[PDB]
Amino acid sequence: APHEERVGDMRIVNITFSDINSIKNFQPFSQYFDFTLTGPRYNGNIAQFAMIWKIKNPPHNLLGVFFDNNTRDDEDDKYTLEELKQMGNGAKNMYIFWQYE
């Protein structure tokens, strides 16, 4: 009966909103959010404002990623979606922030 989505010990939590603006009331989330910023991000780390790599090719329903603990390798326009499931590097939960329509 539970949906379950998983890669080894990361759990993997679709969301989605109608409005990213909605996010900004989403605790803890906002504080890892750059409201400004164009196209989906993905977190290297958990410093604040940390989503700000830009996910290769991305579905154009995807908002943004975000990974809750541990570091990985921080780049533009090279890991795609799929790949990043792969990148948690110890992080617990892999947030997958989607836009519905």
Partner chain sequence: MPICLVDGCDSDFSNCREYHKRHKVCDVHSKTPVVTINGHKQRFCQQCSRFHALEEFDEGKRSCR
Contents of the next structure:
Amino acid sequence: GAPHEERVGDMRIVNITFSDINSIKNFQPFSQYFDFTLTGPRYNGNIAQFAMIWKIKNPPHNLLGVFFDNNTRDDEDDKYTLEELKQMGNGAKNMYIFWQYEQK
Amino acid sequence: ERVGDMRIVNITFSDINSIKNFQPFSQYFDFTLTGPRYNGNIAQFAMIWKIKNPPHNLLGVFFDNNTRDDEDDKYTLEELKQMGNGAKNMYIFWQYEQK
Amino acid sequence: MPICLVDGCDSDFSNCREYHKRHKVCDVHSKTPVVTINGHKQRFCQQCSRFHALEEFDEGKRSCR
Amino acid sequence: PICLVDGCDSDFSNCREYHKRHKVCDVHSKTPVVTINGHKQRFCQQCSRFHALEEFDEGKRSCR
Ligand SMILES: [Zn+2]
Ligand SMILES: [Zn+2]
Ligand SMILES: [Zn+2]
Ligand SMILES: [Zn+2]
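Mind pulling up the form solved in complex with its partner chain next to the form deposited without its partner chain we just looked at?
After this comes the whole thing, all chains and molecules, with the earlier chain placed first.
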């Protein structure tokens, strides 16, 4: 990982930025976990194709999704915020957070 | 995160080709150059000055305003954080990795 | 082909995602502690995204031991 | 392509697209006094253009 990257316990937090959601469709090896038919950013409760389906609560407007690279966690819509999810790696060594770029 | 009135913005990308769809950054990059570069000014293709001893996966540095000393292999990334010279944002571009 | 393997489940997959279609279980039965497939008691393991017999799970666990 | 400076003996072999696009070679982009068509100029760092030498104060890389 990079010098500035946040860690929670032994889990690295990786914030990756895209021009928009359609760029992620070409991003292997992560595109296989997204579900591009869904509205609103999702996180995965487990590891499987299309597993990023659980609605993140009160998400930042440019957040596009969250992928934990291992282990399981409670799997519910509109229950966990992004900051709370950072505490729920439950053994994942990397938490990938996907963002839409915005100027300010 | 901040040096004076300048915000340090680390941005991580899926790959270098992705930067081409990023504006305003794409007009300042020169994708034919080897090794990460910083700009001494604001102009097309202005990111040309070789950063010294760059860290793994650093792709470049873009200062969003003003001018600074402009030399190859003279300033490390940490030194450049002190060289905003009035820029409000220093953008630091990184290649993501799986650790 | 959206299908749920659970005996008698006539789910329309209205509330289900591609995840559920790919793994042959509707949203309800992916979390039910006990389901029946062809007369056999199973549970849809969260870790594996597969059905297992109940004896592969410890007391009240979403995933096999 | 070429450098606007009088009699410039530079190939753009060792120059970047930035230099080529702004018609100045790497050396003359920082030279404090150059001549174009016989007139004293300096390549402004801020503007990335030549200006008359009179538009600069002493050693400044950029115009006033
Ligand atoms: Zn069912
Ligand atoms: Zn299992
Ligand atoms: Zn020249
Ligand atoms: Zn000027």
